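Novice: With the hints as extra help, turn the sequences into a complete structure.
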Amino acid sequence: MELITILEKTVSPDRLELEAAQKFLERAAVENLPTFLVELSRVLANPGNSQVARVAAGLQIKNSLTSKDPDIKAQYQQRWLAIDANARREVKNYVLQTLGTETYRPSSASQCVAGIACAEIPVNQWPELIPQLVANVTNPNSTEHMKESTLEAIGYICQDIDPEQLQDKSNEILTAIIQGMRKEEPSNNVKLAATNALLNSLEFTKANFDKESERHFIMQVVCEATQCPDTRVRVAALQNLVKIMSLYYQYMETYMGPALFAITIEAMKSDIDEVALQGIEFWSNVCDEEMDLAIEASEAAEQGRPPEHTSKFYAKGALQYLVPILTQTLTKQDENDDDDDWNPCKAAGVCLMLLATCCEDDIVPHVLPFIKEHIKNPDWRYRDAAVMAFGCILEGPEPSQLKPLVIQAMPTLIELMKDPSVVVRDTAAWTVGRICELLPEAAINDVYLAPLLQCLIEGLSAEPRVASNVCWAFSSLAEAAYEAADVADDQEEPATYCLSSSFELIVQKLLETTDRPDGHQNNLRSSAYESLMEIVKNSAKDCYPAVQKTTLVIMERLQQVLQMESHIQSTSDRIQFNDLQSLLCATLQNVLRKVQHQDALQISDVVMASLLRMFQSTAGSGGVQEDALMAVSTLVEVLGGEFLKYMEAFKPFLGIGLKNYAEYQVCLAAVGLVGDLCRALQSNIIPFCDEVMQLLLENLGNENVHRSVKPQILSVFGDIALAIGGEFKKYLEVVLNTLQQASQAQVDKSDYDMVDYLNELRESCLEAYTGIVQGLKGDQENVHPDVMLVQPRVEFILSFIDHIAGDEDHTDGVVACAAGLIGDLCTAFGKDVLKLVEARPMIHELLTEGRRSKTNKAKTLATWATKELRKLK
Amino acid sequence: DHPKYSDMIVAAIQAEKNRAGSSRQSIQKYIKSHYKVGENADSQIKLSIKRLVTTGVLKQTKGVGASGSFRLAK
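These protein sequences, in sequence, are chains A and B.
Heads up: the first sequence is residues 1 to 873, going by the entry's author numbering.
Heads up: the second sequence is residues 24 to 97, going by the entry's author numbering.
Fair warning: there could be bad hints in the mix.
A short list of chain A residues far from chain B (calculated; beta carbon distances all over 10 Å) [claimed, not checked]:
| # | residue |
| --- | --- |
| 1 | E26 |
| 2 | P106 |
| 3 | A225 |
| 4 | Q250 |
| 5 | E373 |
| 6 | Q408 |
| 7 | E483 |
| 8 | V561 |
| 9 | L644 |
| 10 | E691 |
| 11 | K777 |
| 12 | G806 |
| 13 | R852 |
No farther apart than 20 Å at their CA atoms in a straight line, the calculated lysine-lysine pairs in the PhoX-like style are these [unchecked claim]:
| # | chain 1 | residue 1 | chain 2 | residue 2 |
| --- | --- | --- | --- | --- |
| 14 | B | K69 | A | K68 |
| 15 | A | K68 | B | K27 |
| 16 | A | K777 | A | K730 |
| 17 | B | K27 | B | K52 |
| 18 | B | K55 | A | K68 |
| 19 | A | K376 | A | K418 |
| 20 | A | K243 | B | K40 |
| 21 | B | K52 | A | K68 |
| 22 | A | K269 | A | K332 |
| 23 | B | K85 | B | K40 |
| 24 | B | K82 | B | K69 |
| 25 | B | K27 | B | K59 |
| 26 | B | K59 | A | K68 |
| 27 | B | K52 | A | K243 |
| 28 | A | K867 | A | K835 |
| 29 | B | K73 | B | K97 |
| 30 | B | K85 | A | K346 |
| 31 | B | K85 | B | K69 |
| 32 | A | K206 | B | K40 |
| 33 | A | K372 | A | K403 |
| 34 | A | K594 | A | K541 |
| 35 | A | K867 | A | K831 |
| 36 | A | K777 | A | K729 |
| 37 | A | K243 | B | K55 |
| 38 | B | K97 | B | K40 |
| 39 | A | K831 | A | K873 |
| 40 | A | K9 | A | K23 |
Just so you know, the hints here were simulated from the structure itself, not pulled from any lab data.
Ideal Cβ positions, reconstructed from N, Cα and C, are used throughout, including at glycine.
Specialist: So this is what it looks like as structure tokens:
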């Protein structure tokens, strides 16, 4: 029987009938299902099946032909070419019937077809059909739906195809296209899908489009398309316009006046929402695109260069009409403002600033009177339009008009930023920063910094909605206070600033202010929580009375935070909460310069107890994967990372954490953790090592283990060395192996990808030997154990090592290993000494260099090698 | 075995390369393009990008935060 039945039966209460299904499908994947597809194609072709069993059938077939894994999709393509053509092509044959005979939200055959096509179009395994498809659409006798779901399928195909493939049948496709694009076609679904198909195909069109005539003929059909009521086809078209606009930018002069301008003016008048959504995002694209015309012509006339494409200055003739409507348009506000929605408004604003830069002086006469009229409008949705419109033109127009207004405005502004209407002071302050931001009239205040800050202190306690343009106004204020102390010459960043007298209040008002419930208004939270790491950055704790107590307060804020995050069931809520954490991994950074050697350490320990019980609850969910570790690679440096009290908890969860096969990068982190561990495993570490022995054997035995983590394997034993480490130095040779493989690693530094990290590992084994030799110095363990039973290979062990040592000048890290080699190499034995010894140049370059003064210990080591050298002759 | 996603991200950005256009949306759907990762790809990858911006790996161009268009630093 048929699988489609099976899809229904994959959810059928019959256990065995489902297991047997989930059984042939996992075998057939391996088996390759030679007929399976044909049978599925016939039933799918049959319109007599419910949409569900068939969409599911498309998901199974899909999952057998394409995949969200690039590779698996390419293998399903190879698996396809492996399948016999009779049955495969036969499947394709029955698959064609399904087009139109079903409804599927996602076309899966399309995505498979395009994916595999990416494999058969290249070899032209089945590119013949396309022309037939062309005839199929240039002559239509198929019902609406038959041709409809088929056009949606072609869209998906153009999408999922290897861009370098549907070229072979592009001509035939263009034939199909021509017959299919006439204005007469009725179904908006098929039409839309055709536009979306264009959208998917826009990548490699270039030759067909390199003819002005065809694109324009298209433009022609598209114009016939611009009056149809269905929104969807229009959207797909404006989108096409945007991409055609970006790549092969072409003139709309023909349609702007005839159709773009009239349509737009009434749409502006059109109170209906049609204008508001479908026509405005694209509109923002065209307006800036036009800005490209007024600046390309107002510089072409300024460059004595005639543009290949010429502007028209519709905007100059339209600036005046435009300035009053958009400014009046700023009144439909939303009291409670969360900044995550996209609407005509944002597009308009970007165009306003972007265009405004492009905009000529006409807008200023059109905005100044508007500013006057609403800068104090009693409303809130109205009062904003004047000030906003003004602040958007502070940089776009040239300075001749802009600089004077700011000049006389500045005296007025100080009083204004203190106007009873709080809004005037809020928008006023943000705007002032917007002025020094867009014009350079003023940089510092002397009789207002303190008074203004007196007003700002009081501003600290209002509603969020009033506070969001205040956090940045404050930022710019910090920008200003830096130019009242800097002068002409200056010492290191000054420890004391006058507010420090009242600063403590600042720091004690922020935690409460920053934690209010009515956060949804005006996107206030983020703008406060960021300036913090900066204000913390922009703060001095040298005295640090507050960093301490305040720090414990910070814990208290943290604790407060870690309770809604102990039960975060929403991804956005959990993600939102990592914002503040991120901000903490920067405020702590802005406090940590001073360890303070007492209270800071104790505070960390208390906090650590806080950090870890949640860690004692962070297991199995991937939580707190790296936010705390970053801090950790800095806490150990505070007291040398002794960790006498800690690591008791560390033993089982990481002991199973070293047992967890899945951790890879996770374990990577524990490695820099272990790096910090080298100064704390001072005692009684011997027994829980048999554990380490299985885990170390498993990871080290497998090659997969990171090449970098070779030195860290042994370099973190020194702390264990203080008490309860008992292995002797039989590991010296393997370190003589690592510095032997980095030479062996034929790392061709042709590209800048391997080097950006590379000279890090050397510092690893370097710290390893340094610690070994320092704590203990020995030439070899039992001479060499391998020579005992690797001797024949030990010849070469000394001949390719002789080639390793062939270089006259070597990197310092390699040289350090070599010096030790010089010693224990003359202590190992005399076999093959004369031939291997007389192996390389710079010997006289080195002897001369050796007799030179101030040579170190290494030069002396070489001479000793001469005792054993005087053991053969 | 999971392949390194960030390397893919760099390859995708290079793949979705333009010296004018930089908008993140384009790169993002490019990731939507070709194949697809686990449902939480957007969140985890996006955070990776954000954090490497914080390290100063890349320099802002347009927008603010992961809503924008951005260019490399010098």
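Novice: If you test the structure against every hint from before, which numbers come out violated?
Specialist: Failing hints: none at all.
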